[PDB]
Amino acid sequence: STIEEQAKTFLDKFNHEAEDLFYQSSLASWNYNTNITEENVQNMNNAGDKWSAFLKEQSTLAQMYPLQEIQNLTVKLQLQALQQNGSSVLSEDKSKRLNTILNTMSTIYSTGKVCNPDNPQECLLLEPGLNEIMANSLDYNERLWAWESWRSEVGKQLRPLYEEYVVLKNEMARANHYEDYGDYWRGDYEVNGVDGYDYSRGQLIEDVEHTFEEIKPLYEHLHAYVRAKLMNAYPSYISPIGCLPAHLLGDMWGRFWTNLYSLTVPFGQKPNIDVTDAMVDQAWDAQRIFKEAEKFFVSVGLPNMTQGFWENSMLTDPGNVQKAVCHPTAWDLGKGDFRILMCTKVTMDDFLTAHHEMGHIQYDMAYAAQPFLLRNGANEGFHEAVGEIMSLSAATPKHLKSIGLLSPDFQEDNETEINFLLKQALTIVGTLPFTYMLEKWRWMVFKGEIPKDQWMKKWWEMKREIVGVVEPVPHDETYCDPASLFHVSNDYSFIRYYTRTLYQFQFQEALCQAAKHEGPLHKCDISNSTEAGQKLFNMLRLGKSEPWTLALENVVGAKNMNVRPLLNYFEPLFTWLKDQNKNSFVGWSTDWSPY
């Protein structure tokens, strides 16, 4: 018998045997999350290491069948997925020390203690205060103190490890037949063997840069506006032509610009839309929020929620006798078990977080008819894209008037429209240059075009040409600020956010074009349009079955990520920014310094 059928038999047995161990490990970790106790941690890590040992033996058995004889592509996808060796490649001591490095870097970042010089008997962490100080302060020197102290301390404490962490991960990459660790990260977008849809691992770069140019004309002008208003708050440090400093932008790193809605509002004497009071007036609760959530999806032509969803999930914090961790999560436990974990409050933000999570759950329901190994999104951006385009539709004034939260005499005008577009812009367009620059620098450190002695230099020598943020304290090579961020310190990929933004606005444009909507695009809502629902489902049910290029061409009519939907969504803001900056200096020069 050809190795064709032998491999398929192996895969069939593997699926039927792996579903069960997945389910038990899953229910164990769930019960740990919804009730914290050392016994539950015991159960959780036991079931987990059982599942890991299972997958290791299955891979070491699967390596045998060579995939130069298989022509069916689903079989090839599954065998390639299962064949990946993982950290079991390298020697015993290398794996030992590398895992130790990862765990100790995560632990030391999570246990940062910084102490102020005026109160040496009180020292504070990062996540409660430090974040609160830098988010909700209006003082310059104190913010610079917090920022410099945190970055200097944890960067000097972390860098010696990350330094050779680099080369260990690089050799772990190289052994598996790759050029650099960056190639291993980029491989998530690779597609070959289907004519007309191949996508090299390098092509991504040549795409992500070719898009960024088109995104700068809108960005540059925003960076003028955010700067100009900021000149009124700190009128003793900022330049009319220079860049923004680091400690004036909100979060500790500047990953978003959402904390600046106070000092950068277009028309301040106009309030935004907030229906918290309208909810507590009508005495809503968790059940009502989640019922409206499922109603929105039933309207579009998608399934209802499982009965086990209502029975077993936890939609309220359970009191003080039972503890939990209530980061909002959407759980797929296997065997048709779908749940949600959320400590909900009666607010406006949770109204949209519920839609985000139920979109995750809907994706998981759609691809549950595929083999076990092919149960994921097309790539690492699709889950978040499908989750976000739902909040984007449920957050319009039209849907909120339909639900009966806002009285139908709420009239909106160009000031509230510009308000919404600016609040969206700060958090969507302001995260893209930072993301692109960060992962470009990681790629260049991994590929080796940034020698060690220059590393930090080009970091800032990138921030001034892409993002336009200059450093308040001069740093030499003994500092390491990029290692401070949680994502970089704990080995996660980061381009998923860029591709997520682009796919998100492409999906929105395509859907609410087919959904019979004319006008400005940020008003489009897909409630009550089954036509768009089926067009979305014909992309959701595929999973990792076929290349993401076709999974995207099905719904948008295109084979690559494009920015025209995003620039179209922000054109009502572009028109206003051009006139507001008709007199001010647009752009920035690297010739300025804050010190």
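Rigid core (definition): largest C-alpha set, two forms, superposition within 1.5 Å. Positions refer to the first chain, counted from 1. First, how it differs from the form deposited in another entry.
- Once the core is superposed between the two forms, every option in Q84, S262, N103, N119 stays below 2 Å in C-alpha shift except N119.
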The other form holds:
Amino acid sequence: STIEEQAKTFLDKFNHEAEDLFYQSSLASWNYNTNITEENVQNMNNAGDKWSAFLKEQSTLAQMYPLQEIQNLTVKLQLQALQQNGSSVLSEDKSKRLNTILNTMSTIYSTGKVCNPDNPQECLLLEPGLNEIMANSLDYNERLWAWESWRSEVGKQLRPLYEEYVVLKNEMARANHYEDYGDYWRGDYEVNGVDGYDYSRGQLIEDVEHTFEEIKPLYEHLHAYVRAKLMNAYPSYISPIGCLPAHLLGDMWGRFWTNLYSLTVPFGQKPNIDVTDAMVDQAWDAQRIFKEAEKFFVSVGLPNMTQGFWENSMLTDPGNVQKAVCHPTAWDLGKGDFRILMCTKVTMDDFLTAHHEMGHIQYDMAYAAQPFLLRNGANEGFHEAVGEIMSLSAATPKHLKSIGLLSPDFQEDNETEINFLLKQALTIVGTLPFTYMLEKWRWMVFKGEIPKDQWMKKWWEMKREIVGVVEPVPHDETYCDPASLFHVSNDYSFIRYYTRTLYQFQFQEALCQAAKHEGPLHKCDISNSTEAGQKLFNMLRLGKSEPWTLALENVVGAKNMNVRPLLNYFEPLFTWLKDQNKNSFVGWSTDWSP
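For the form deposited in another entry instead of the form deposited in one PDB entry, what are the coordinates?
No partners, no molecules, just the chain.
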């Protein structure tokens, strides 16, 4: 028996045992998320301990077979995923210190309650209070107070922990035969062994930078329009030539500009599209919503869902008798069990997110034939891109008219298309510069080529030039403003939101080209297109077996991130912006001084 045959046998035994234990762990987690008790917490703890203890032993018995003696590619990928040392390279004391640091950071971010104003009796929490007062606020002083109060009390707590967390993560990454933790993270968009379809962990940086350079003019036009619209509401608070203050971007950290729509809608007289009224008047429930979504998927060509999905998914909150978190998530519990957990209201947003999680489920069933370690997207943006394709398609007025929520009396015009494209750009384009900024900063920090005594200095100077958001007040080095973000504090990769944004529009362009759709791309409908369904399914069924380069080419025809689908998607909006903001300055000055 050769080393590769030994690897095959080991990987098969693994796949089986891992599938069993993963089903047990996922079922325990689903029981908890549908029923928050103490017995359910204990069940998750036991199942997760068993799963992690199995994964450690299987990794330490996978280290035996070297990769250099393996000629197969699927076996190579499975053993590469299984042999990952992870945090085991660190000593016991260092590993426990890192775990304690991560837990303390997560608890500080989650339980953070700030109480500067008046007596500490009045304090707000993340979800209802701080988000409610940051999303919809017209008070510059109040917004500044909230932003600087959260950035001061919290960041000062994370920074002493964050520096040592960075040191420990960099040490672990170096011990893992990498260059830094940034390289460890970039090792996900890496292909080695395939000729013609290969990727490098620095090639990702080059590609991301080139794509952002391509996207930049559209972002500058959108930024100028946003500043011009914000000026009318906010007098004497934003300069005509300078950048945009960070605390007035709707979100807590300015990740999304979606909430900045009431102050930026061009055609206020023209009503926006919304089908909530007709949806609730036509006696529509969660069952009907999901039945319509599965009808759309069947019309596209994808297979229907199991009868167990309907009887096991919890689509509505079961009242206050039992408490259950209803964050919309699609569950792939393993052995043929697909469930969706969400609190479905009769709303356009809930309909769209039902389509999104249903696309996630379709992706999960597509690669159900792949081995356990290859049951994932080609990279970490493919799943969200696949879901967002169907979210984009199901929101079109043509599809709404076809299904029945939109009356035929309604007409489509350039004003409506501009409103829809502006909302889409605020949601989608406005997050790409921020994501690229954050991941560039984190990569530079982990690489260590920059010094440590100017973390916030470099963070702010990169905010000025990349995203165009300025510091409302000066910040010293005791702050840790990047750590205030959930992904930064909880040790999460953030380039996935950059990559998925390009991938989803590439997929939409390819599928609409294969659906013989004529006209603008934003008015497309993948529905009733078995050709588009088959083309998407070809990439869907691959999973992680084929390299993401080949998976992208199998459905699109390109080999990397392309900005052209995004640009020709937003071409009508871009042309309208160019026509409209010609009398106002475009861009941000570098000479601004508070």
